[PDB]
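Removed: one protein chain of the complex. Kept in place: all other protein chains.
Just so it is clear, A, B, C, D, E, F, G, H, I, J, K and L label the chains in written order, and each chain counts residues from 1 on its own.
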Amino acid sequence: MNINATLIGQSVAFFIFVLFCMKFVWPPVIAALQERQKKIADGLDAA
Amino acid sequence: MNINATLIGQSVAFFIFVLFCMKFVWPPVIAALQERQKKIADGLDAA
Amino acid sequence: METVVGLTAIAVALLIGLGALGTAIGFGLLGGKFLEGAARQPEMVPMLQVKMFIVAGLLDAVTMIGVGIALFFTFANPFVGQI
Amino acid sequence: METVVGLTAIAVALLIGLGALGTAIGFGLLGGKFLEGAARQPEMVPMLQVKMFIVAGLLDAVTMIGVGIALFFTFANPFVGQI
Amino acid sequence: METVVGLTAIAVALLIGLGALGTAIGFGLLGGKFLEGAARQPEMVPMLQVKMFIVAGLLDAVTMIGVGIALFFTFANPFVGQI
Amino acid sequence: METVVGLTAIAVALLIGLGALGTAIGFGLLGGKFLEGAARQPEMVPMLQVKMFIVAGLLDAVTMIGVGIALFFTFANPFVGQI
Amino acid sequence: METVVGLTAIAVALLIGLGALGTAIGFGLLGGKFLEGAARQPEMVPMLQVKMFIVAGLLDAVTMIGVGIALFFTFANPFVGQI
Amino acid sequence: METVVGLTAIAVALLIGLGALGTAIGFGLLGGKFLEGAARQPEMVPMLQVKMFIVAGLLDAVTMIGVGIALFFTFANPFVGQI
Amino acid sequence: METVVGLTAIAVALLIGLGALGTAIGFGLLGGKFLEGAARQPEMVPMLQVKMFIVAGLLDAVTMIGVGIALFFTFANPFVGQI
Amino acid sequence: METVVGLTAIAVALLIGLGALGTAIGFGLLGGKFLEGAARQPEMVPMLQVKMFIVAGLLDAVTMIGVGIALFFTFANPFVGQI
Amino acid sequence: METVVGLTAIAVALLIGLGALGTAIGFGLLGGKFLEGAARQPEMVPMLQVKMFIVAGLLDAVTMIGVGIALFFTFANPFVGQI
Amino acid sequence: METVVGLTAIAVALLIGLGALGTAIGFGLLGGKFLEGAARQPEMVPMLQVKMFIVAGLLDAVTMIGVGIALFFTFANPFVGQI
Partner (left out) sequence: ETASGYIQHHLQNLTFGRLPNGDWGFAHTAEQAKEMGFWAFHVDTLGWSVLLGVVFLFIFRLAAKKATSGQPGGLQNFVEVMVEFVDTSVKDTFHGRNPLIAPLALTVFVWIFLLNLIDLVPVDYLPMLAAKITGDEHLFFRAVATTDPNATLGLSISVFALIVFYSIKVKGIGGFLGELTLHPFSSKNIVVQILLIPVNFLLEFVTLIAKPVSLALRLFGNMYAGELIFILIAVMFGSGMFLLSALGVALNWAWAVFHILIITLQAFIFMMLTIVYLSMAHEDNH
């Protein structure tokens, strides 16, 4: 239809969002999940 | 005619859709999330 | 100019009808094989369903490329400007 | 004007006929495997029926778009307005 | 006026002919699998018949729409009134 | 009259030809499965024949409508009266 | 009248050719299944042949109607008289 | 007679081409099953060949009718005599 | 003069193309099962080969008539003499 | 210019619709066998997926060329420049 | 003159496109069974290859005739001199 | 001149669309059988892939000729220089 300069701002926002998710969202949640799994596994070693 | 009738039709249809989604889609999702929470709590209590 | 408009209507009809035919036949085949696989062993139903959705993405791609172009020909018209 | 109207009647016929043909063939293909699975495993019928309806939702996706566009062409006309 | 009515006749023919072709092929497939299931599992045929009718209901929808629209075109031509 | 009468012959030919093509292919599939079932277990033939006739009714339902419409167009003509 | 005759020639060609195509494909399917069944159960060949001849009657009915209508259009003509 | 003669060549082409297409596909379908049966049971070949010829006659009947009609339309013309 | 020759070019294209399409699909179908039989029974290949040639003789019968007629139209056009 | 532009819409519609039909049927055939392979060997799913995506590039290669040339015809026109 | 030349490009397009479609479908059908046989018995692959090539010659026979006639039509058109 | 150019555009679309349809269906069949073979015998995958590419060359032979001729018809025109 009308290919515009909107094609560029969309990719810039895409990269900004992906980098902020990679640095400030994914690591804390993954660390919390892995620490809870470690806690559960440790309690299974009571034997 | 036209405007002020299309708005009424859209509002009626939207209200029906919202009622449908509040009575048939919301409860299963809430139940699944609460089941996840309960299982996590049980695991932590066991640990 | 009437010839251009009539032939654009025919082009839209072809563009949507051919996709409608192909998508229906392809999804009939895929769904039949999915049902056969589910019947063989119902333990793998979720995995098979995920793979079926992944395959359904590659099967309807160009039929959806043509539907957008048909709806762009119905309301906009790149051929009228060309005279 | 008459050419546009005639070629939109033919466009409506194409849009609905191709969709009908595709839907009938695809549903024959899907129901054949549904019945084969129901005969092979008569206890899985309730699950297979739900899966068949899920797949049928994908089968009748572009066909309904074409049917709606054909009724929009019969009772309105974006092409006549373009002269 | 000749062109509009002449093309309407061809539109009607395309609609119901494509519907008939599609329904015949689809019902051939569905009934063939139904007969195979009935021969292999003669005790389950009363259930298979009901499931086959449930599938036949889905198989004939768009074609019945097309037949109705074709009759509407033949006896109540909506295109003559659009000049 | 010339254009309408000329295109009505094409309409009738499309009707009956598409009906014949679809009916022949569908009956080939159905009869092939009937023969396979009859060969697998020879003592189930009387039931399979009745089930095949029941399916054949659905298979030939729409083609009969097409043939009737084609004969109505051949001997009577609504399009000629529509001018 | 030149266009009417020229279009009835095409009508006859369609009416015979589509029937021939459908009949050939349907009989190929039916004969392949008949050969498979005859190889499976040699002692049931006399019954299978009669049952195949039953199906062949349903397969060719609309094709024979089309051939008769085509011969009627070739050696007589209801459209020449503007019917 | 210019348009009648020109449209008769297309009629002959349609008759012969559709007959050839259908005959080739049908004979491929039949021959595949004949070869499969011969490979599984090499002793049954003499009976299977006779049954294949019996099926082939029915397969080729309407195609030969169409070819005869096409030759009649080529080396004579029932339509030119109708102006 | 011009319309007759232009239409006979399309007639030749149809005659050859439809036959080529049909024979390609038919030979694919036949050769696939020939290869399957050869792989299943390696010692029976010299008999399956002659049987495949016998079937191929029937498969290509009408296509050769079609191509002969097409070349006869191309070089010795019989319709140019009839106007 | 009117006929040249009006016949380019039909060209684009054919280029995109035939490719859409072909890709939908081909991907249905491919995905149906991929699902069966994933059912037979649940531990081989990733290898089957990577091989299927290798095949998909061959499957859709020509269709994407057709889509590219169709888009080249819709917003540029090598034919209008030839008057 | 413009009609004859214009209708010769359609003839070439049909002659090559129909042949390409048939050849692609037939070679897919043949290669599938070739791969199945190679998977079943990997020691017979050298014989399966030569048998597949023998079949492929028959499969591609008529398509080469069509593609030669199309290139004969493109350069040194035979129908131009006739008029 | 204008009719020649429009028919050339339609011819190009026909060539590329038919080639795309054929290659897509053929590759769907070939790849499905390749995936079946790979699922059965994961040790033979590297040899099956080589054989699949050998078959794919034959599958895409003619279609490449068609697309090359279509490009030749778009960026040159042997028909315009013949008028």
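FYI, contacts are C-beta pairs under 8 Å (C-beta built on N, C-alpha and C of every residue); 3 or more make two chains touch, one makes a residue touch a chain.
Looking at chain A, the residues touching the absent chain are 1-11, 13-15, 17-18, 20-22, 24-26, 28-33, 35-36, 39. Interface with the hidden chain, as seen from chain D, comprises residues 57, 61, 65, 68, 72, 76, 78, 81.
On the side of chain B, the interface with the absent chain consists of residues 1-3, 5-14, 16-17, 20-21, 33, 36-37, 40-41, 44, using the contact rule stated above.
Simple rule for what comes next: only the chains that are shown with their structure count from here on.
Here the CA centre of chain E is 11 Å from the CA centre of chain F.
Separating the centre of chain B from that of chain I, both taken as means of CA atoms, is a distance of 62 Å. Multi-chain contact residues, meaning those touching two or more other chains, occur in chain E at positions 1, 3, 6-8, 10, 12, 14, 17-19, 21-23, 25-30, 32-34, 36, 40, 52, 56, 63.
Residue numbers of chain A whose C-beta contacts span two or more other chains: none are found. The touching residues of chain H, counted against chain I in their complex, run 1-3, 5-10, 12-14, 16-36, 38-40, 42, 45, 49, 52, 56, 60, 63, 67, 70, 74-75, 77, 80.
Against chain A, in their complex, chain B makes its touches with residues 40, 43-44, 46-47. Taken in their complex, chain A has these residues touching chain B: 36, 39-40, 42-44.
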